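Using the sequences provided together with the hints, build the complete structure.
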Amino acid sequence: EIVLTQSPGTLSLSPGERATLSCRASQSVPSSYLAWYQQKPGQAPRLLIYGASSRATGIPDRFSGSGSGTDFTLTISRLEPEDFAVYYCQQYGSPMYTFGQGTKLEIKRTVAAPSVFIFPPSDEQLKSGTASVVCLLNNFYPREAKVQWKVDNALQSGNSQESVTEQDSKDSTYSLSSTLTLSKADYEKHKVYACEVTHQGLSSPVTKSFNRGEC
Amino acid sequence: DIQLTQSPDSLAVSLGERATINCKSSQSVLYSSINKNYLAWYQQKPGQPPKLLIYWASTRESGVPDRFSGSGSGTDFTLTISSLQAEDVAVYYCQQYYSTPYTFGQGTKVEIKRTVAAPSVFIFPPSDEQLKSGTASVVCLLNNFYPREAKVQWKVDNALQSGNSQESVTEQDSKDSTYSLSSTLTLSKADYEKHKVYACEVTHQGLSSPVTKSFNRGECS
Amino acid sequence: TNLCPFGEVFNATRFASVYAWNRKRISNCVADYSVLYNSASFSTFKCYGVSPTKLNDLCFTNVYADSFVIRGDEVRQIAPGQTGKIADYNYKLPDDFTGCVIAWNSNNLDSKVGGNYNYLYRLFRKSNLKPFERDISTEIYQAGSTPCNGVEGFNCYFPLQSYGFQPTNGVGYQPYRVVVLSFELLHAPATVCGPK
Amino acid sequence: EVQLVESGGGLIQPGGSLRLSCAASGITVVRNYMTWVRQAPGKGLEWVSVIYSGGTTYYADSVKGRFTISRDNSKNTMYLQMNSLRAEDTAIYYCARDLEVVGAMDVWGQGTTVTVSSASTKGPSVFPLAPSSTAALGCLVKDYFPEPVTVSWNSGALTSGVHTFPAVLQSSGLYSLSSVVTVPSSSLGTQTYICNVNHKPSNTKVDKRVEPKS
Amino acid sequence: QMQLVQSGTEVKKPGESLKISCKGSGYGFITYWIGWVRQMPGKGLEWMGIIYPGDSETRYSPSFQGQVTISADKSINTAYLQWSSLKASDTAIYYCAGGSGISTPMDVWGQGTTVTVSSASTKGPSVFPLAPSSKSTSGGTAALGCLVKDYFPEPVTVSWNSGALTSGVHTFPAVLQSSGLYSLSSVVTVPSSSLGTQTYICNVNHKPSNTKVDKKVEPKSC
Ligand SMILES: *[C@@H]1O[C@H](CO[C@@H]2O[C@@H](C)[C@@H](O)[C@@H](O)[C@@H]2O)[C@@H](O[C@@H]2O[C@H](CO)[C@@H](O[C@@H]3O[C@H](CO)[C@@H](O)[C@H](O[C@H]4O[C@H](CO)[C@@H](O)[C@H](O)[C@@H]4O)[C@@H]3O)[C@H](O)[C@H]2NC(C)=O)[C@H](O)[C@H]1NC(C)=O
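Residue numbers (the entry's author numbering), protein chains in the order written: chain L, 1 to 27, 27A, 28 to 214; chain B, 1 to 27, 27A to 27F, 28 to 215; chain C, 333 to 528; chain H, 1 to 82, 82A to 82C, 83 to 100, 100A to 100B, 101 to 128, 135 to 215; chain A, 1 to 52, 52A, 53 to 82, 82A to 82C, 83 to 100, 100A to 100B, 101 to 216.
Don't take each hint at face value.
Stretch by stretch, here's where chain C covers chain H in the computed footprint (C-beta under 8 Å, at least three residues) [what the hints assert, rightly or not]:
1. 23 to 32
2. 51 to 63
Simulated DEER-style distance windows between Cβ atoms [unchecked claim]:
3. B:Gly68 x A:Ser156: 52 to 60 Å
4. A:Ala168 x C:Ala520: 25 to 33 Å
5. C:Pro463 x B:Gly16: 32 to 40 Å
6. L:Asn152 x H:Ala136: 47 to 55 Å
With a straight-line cut-off of 20 Å between C-alpha atoms, the simulated DMTMM-like cross-links for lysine to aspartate or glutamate are [claimed, not checked]:
7. A:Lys43 x B:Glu195
8. A:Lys206 x B:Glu123
9. B:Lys107 x B:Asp167
10. B:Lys30 x A:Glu148
11. L:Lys39 x H:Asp101
12. H:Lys43 x H:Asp61
13. B:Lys30 x C:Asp389
14. H:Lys214 x L:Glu123
15. A:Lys209 x B:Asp122
16. A:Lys210 x B:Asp122
17. H:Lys64 x L:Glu1
18. A:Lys43 x A:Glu148
19. C:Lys462 x C:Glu484
20. C:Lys386 x B:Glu55
21. L:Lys39 x L:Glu81
22. A:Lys129 x B:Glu195
23. C:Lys458 x H:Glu97
Don't read these hints as lab results, they were simulated from the structure. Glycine included, C-beta positions come from ideal geometry on N, C-alpha and C.
Rendered as structure tokens:
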């Protein structure tokens, strides 16, 4: 069973630059029996190249395929907004079809510092028995950021979950949400709840906090 | 998945006479394109590999004698040895090769039938060398009898033994067409010295009455 | 009482494509199947039904030598009870198959550098072939609900495609020349015999 | 137009059994090579099965003996019967037609989700993320299974400046999601912000208003 | 015409792996399908599976699917049969047979591979005599012999007077005792007049334990 491997895993260029997506097989596969697909988030795969180099119908002249033997290439000569997505390669030489791992293409932009916000748990939620402290990091770039929670200046670990948005199509920025979860009993035992954010756009780490009881 | 049955299982037949080894199938095995049927007959003598004798129902392998013939059609097939010679005595199997899984018969053990011969029975007590190890084997020998069916029953002071007796039989002797059986009674020195009269009682067709040869433990007999 | 043309079939300069496979009726001859069984040229020799040794002791009504070219990965599909593009659309063998299948690599003969477009295979068909059926239809395939009326395009595909044999492909994707011997016996007179 | 429409999936216990559907428009499945292709959550694509025009079928190792593919031309549709369903089968499942060397997988279906999990169905509790002293506010959707939910703001009339992060599963087993919008600090007592959460597997419509606290 | 030749005798403990072989020499081999037949002691023949060396199309019998693995190597004309975990019940003799087609009789056979699976360890035999009886017909004939008591594994070769005496000798087939060790008995019938003039010696050879033993049999002196 033939085993396609892509490189690079992740890659980020700017609009208009050239992108060179690779795909090498664990066995020589003839150029005729190999395809390249594009899949945008939430959608379903779009066929781009049938055969190593043939544009499927409707594909702009900027996508091109090349290669032979065990090394194949997909190339976008100029990158346009709608061309940022994950791209997969597929072999169809045996009837046991196999895909590549996929290359995520992202947009490169200027470093953007995050706007940090912190929200305490609602009194509606405290009546239930638990308390969720939410920290918001809106419209920053790059995605790398380290958020560390502090409860009375004691670092918290193992009770905080985070999520990251896909890059917003207008400004090409990420937003991060970290939720620190704890019981109402544990919530009332401490006073100062803080969120400390460390990012490239920040010369020094930025901290946003609050006191239990609007104190 | 094509059951196959031979008949009979023994088939003792005399020198020069006809031997009829049946074989029943469970599915028509006629390839209609060649209208031949896909059954084979093999011969295996003890210790030898099976030699293919008959390919297809009747076709005969080269280098085999004109006395072997195959017959039948549909689902019933027969192998017939016309003028049996001693050099033919063996176990015979039939096999179908219509389709995988191939299947053999249970086998027919074919021997020479001769006149009934009574066995020469002997009994030996255990040597003192073997008693020094810790167990004791009393051996009973049945020499040059026919047919092979024989019953050996051990008795320790007229007490019937069961579950401590193993037996072996020789292959049919090529000179005289006779068998020999050896049954060994193995028991602890304790259990051995507790009794005095050890008897081996042999039952065979050639014996008008059961013949017993015994000895007394310790006395020179 | 004369010799059989097996040499005509195996040592032929050109071989037909799979969908349009050639069949030779061999009769009124006497043939030596030993040349075939004792040869080192073949990479695959699968008889289904008959011992090819022991064959020269028989006689048949008709022996058919089918011949074509497939890719090496497809040679396993030339067999009773088999499924694939080649077995279902191009060349099928019956379950009660009485014969032999011979195959040998030919990358040095049937592979052009730019692609040998003379070898084809049927890729589209709405029903699997019956055993020993031969389809040479070039009518455009209606994949869609819309008729094509002799014009190809979307959902209208030419029913044959090219293997495009090239020599740098792996051993799996290289052209193998295949011969299929078929033995038939009616209650008619046997004419294809062996020596002595 | 030329479309492949999928129905079939949803939530089923292990050892279960589903039947997925690939309904067809302006492409006859009796005539084509048809394959099914699944994408397990967050991972890439995996081949599953293929039905040839003549009915010869092939299946991937992880599914042999459990999946089975079948077609009705009268409705022009391709069914896939899954049995003995395990966790890892949880995926989004595409059916599509390949043209092999004439083109590959040119028409693809929307996708039918399959989750294999013994968990019971639960609705969200929505809670208010209050602004304090350009401001930011939001709603927190918590303890919901299965997925997804949809968060709108002002019944679809606020759109710019919202981010609605993806669900994280938590040690409960229940998914949980936040959603925020960034808002002009001045307009707070003036404009009133309602977030409209819709969980369909539980028919829950929650409407919760966000307001700065005393 | 070609012939088949298999590997040597095997003795393993329960749980060990094993992979026996079957190589074919001769012309006309590309056509041969090679099948494996198992024969337990004294029982009939069982077809396990078949393979074709050229492309390793392998078909098992329903009784052995997943219990064994038949493989091939077309470069050396060799078929293979291997077990993952040998069971004590796998003790048998295994033939490789060759049919020149798939629906074809097995014309050519191997010589056989005897496999013995037992928790027993290698042990040389202990030989005890069988002295002729005092109550013996002095005018007729008497019988004597040797008892080869506990050995493993098989076989032992037993001759009398270094091969100088073969007529009237009966060496019996061995039995497998409950202790996992083998037991055998060898006899000879001789004229009673020769009891005091000729010395009778049985020669026992057990090559696995490298044990040669000669035991002197004489009437018990008393
Ligand atoms: C397909 O073609 C191959 C090769 O074609 C060869 O070249 C062609 C251009 C043309 O000239 C053909 O005549 C020629 O065969 C065939 O393979 C060859 O097959 C022949 C037999 O048909 C072989 O001849 C043999 O040569 C041996 C070494 O020289 C010799 O020992 C052989 O036997 C002799 O000795 C015995 C001793 O008792 C005696 O009894 C015999 O009578 C004989 O004299 C025999 O002559 C070639 O060597 C083969 N060459 C190669 C390269 O394989 C192939 O047969 C053919 N296939 C068909 C179906 O026609």
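Quiz item: So which of the earlier hints does this model not fit?
Solution: 4, 5, 6, 7, 10, 19
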